[PDB]
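Below you'll find only one chain, the form deposited without its partner chain, shown as structure tokens.
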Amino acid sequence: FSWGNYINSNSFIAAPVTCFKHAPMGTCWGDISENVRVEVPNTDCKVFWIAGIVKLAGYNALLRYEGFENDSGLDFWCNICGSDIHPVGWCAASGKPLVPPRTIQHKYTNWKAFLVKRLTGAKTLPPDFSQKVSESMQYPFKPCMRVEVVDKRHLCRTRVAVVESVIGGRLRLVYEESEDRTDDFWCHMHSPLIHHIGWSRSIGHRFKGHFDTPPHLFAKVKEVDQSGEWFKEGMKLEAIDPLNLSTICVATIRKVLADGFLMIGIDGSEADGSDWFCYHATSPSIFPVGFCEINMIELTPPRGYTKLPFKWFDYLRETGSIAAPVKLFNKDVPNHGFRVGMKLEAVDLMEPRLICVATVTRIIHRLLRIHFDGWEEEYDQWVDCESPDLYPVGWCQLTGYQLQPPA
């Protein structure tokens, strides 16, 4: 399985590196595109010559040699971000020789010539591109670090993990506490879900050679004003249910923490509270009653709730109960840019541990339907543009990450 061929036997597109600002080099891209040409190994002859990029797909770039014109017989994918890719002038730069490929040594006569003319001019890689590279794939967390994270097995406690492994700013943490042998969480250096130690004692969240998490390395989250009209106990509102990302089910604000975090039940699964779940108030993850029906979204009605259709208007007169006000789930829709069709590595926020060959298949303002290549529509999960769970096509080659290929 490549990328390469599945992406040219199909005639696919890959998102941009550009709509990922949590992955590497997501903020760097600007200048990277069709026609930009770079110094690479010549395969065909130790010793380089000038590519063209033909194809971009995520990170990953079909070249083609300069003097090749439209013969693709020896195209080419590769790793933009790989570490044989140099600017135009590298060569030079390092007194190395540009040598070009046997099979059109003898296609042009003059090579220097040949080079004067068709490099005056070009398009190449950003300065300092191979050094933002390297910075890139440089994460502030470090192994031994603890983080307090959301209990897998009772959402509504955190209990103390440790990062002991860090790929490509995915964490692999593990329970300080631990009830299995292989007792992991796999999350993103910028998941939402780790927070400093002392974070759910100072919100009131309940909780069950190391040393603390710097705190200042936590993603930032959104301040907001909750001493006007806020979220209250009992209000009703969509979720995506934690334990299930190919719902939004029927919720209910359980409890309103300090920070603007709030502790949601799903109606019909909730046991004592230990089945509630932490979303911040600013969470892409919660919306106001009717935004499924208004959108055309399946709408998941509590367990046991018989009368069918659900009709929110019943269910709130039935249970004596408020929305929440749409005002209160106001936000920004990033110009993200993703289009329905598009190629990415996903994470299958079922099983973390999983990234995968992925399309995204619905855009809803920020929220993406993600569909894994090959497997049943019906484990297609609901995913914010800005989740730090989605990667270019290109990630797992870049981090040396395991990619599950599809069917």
Given for the second form:
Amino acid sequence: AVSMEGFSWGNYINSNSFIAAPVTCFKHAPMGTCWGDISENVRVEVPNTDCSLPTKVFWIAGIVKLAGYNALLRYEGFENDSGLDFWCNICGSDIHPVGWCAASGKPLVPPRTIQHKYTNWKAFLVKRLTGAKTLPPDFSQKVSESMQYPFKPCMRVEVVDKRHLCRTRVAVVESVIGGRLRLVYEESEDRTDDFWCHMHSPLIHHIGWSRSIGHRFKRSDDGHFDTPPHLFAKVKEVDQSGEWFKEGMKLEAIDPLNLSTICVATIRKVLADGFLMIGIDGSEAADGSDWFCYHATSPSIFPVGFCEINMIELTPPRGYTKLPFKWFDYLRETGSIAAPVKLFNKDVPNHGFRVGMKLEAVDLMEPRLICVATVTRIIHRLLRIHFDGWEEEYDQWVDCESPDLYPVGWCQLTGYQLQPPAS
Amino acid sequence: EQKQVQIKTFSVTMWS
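Switching conditions: you have the form deposited without its partner chain, so give me the form deposited with its partner chain bound.
Okay, now the whole complex, with that chain kicking things off.
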């Protein structure tokens, strides 16, 4: 019970017998779609650290345990001996397929521990490796390509105004890490004023999107060029020609200023291409500057009664005193209707998340931070994300297809800083 | 897919 080392996913998982969400659960993540072959008992070639030699050589290792990008390896020949089991990023540079060492002409050197556990190594490896699963062809090329992102620095995009949700303003991509963009407002009012978001964030749009859709924008008064519109994530097309959302319709929505809560909300504006301006009752400026933009297909908006039927705490209007809050009484007092349930119809993906699974999650209240996290609840496609060590008051509601969730090891793979559990 | 994987320490045949 005396831990005298820093944080590592490996020891964290082994010690408490944790389970990590596989890379498969993250479509946006690198190798998220080319991961079907990676599994336990898959053999690879990795450097042999069990060598007194001053140089470096390789050996065969099998995957004992797979946690996100991180794989627990055991050198071939140890069998059940876990004495030299070591963790690694399976997408790491030193991990190769099995043909790679000899077809390139380097000798496989057995670990010093089992050098005399078997006499004939040619016969040994032939019996062990014949018909064994390994890494897919051009796998290292796959990994390399996954680390190459179409969003380049100096690209201009439109993004929501952090301090004025109702309008967008032009930001510039200054740096890209693991598909995550550090955006800087073109007309900053703060020295390090940034906007961390993913490439395929629904919050960023091409130049001219605000004007085209009817969304408010900040009018402005260096090598920067406009992002090719074909790079942005595609929005699901809808048919708003018939029955559709109307101004005044009541609903439930995740507060963009507090992603820990789902709030009583109202449709304030119906825009083009499916987009809607939504306000939270009790927290609306008279000029409508607090109106946020959710698409009609957004997983962050819910029909009236969603929270109650699924046993989720609903945040009543600020200042509202008739507790506990009842939608029926509120619809009478405010003389309004609920947005029809049929408008919220959406597919519920087989995401593969399970309660208790570990992952790397963006702090949505501070997008700079990416922290060790856990899935504590699952409401169809709605996930309750908990940050290990911290108070559950700050658990955030996150969609299962969110690009702000990442597999275990994503930080190490992409070179992004990972926050460890609170002390 | 299966291929003939090279081993130096001859060849072995494995699935990728």
